[PDB]
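Starting off, we have a lone chain in the form deposited in one PDB entry, written out as structure tokens.
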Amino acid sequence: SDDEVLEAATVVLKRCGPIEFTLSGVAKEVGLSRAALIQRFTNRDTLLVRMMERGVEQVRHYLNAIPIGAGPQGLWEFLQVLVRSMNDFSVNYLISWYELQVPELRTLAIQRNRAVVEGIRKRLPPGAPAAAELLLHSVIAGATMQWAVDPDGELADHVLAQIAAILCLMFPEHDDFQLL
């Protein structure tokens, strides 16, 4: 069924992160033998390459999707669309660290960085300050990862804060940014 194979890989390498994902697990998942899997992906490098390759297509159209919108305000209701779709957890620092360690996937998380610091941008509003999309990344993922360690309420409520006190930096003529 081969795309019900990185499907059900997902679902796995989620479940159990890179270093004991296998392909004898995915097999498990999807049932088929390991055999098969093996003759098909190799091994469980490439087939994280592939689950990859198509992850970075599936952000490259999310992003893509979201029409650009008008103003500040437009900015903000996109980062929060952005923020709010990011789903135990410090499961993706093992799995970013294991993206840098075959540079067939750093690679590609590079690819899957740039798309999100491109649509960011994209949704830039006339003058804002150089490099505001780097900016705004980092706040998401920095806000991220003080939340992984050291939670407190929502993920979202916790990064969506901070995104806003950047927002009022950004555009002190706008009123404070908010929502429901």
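Positions refer to the first chain, counted from 1. Heads up, when I say rigid core I mean the largest set of C-alphas that superpose within 1.5 Å between the two forms. What changes on going to the form deposited in another entry:
- Shift analysis on the rigid core between these two forms singles out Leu37 from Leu37, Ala143, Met52, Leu136 (C-alpha displacement of 2 Å or more).
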Second form
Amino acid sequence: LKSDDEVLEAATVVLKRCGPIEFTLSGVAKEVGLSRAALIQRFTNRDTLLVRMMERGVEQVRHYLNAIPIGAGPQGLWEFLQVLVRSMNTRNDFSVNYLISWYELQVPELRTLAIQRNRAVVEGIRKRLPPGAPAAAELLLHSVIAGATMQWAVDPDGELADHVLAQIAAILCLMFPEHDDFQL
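Could you please show the structure of the form deposited in another entry, as a counterpart to the form deposited in one PDB entry just displayed?
The following holds one chain only.
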């Protein structure tokens, strides 16, 4: 496997499967089909590879959110938030995200990228707000996604998206009380 991008994607697979503590160059090397020495020549060491991977994360969030088609009014916002929430993968071990997030906060380089990642998502929501959205509505919507996601991770009932989006629908009704119900 050749490109920096192909290698960083394979390393991301490993990070999701093992978490950041058990993450190793050897495990990336075995995933991507390259020698560990090759990873070292291209990315210097474990810590530096983690940084490049998380840089690619923030890039991919921005790349992803920026091209999602924009619909009109509260209904467009609702559509966007559905796509956003459904984008989260719960198929293997969702709890690894909380270990990832914790680990990121301990390493200044990763912490800055984590901030950029959340800022990108908040700004992505902000740009989909129709006129008449309450002030700072983007912060509230991102909080509901993160908080309801946590609720479900601890105490799961049904699919993540259904738990989160029910709450999103509820807050959208409060933000746009003259709109028709938001269909989930």
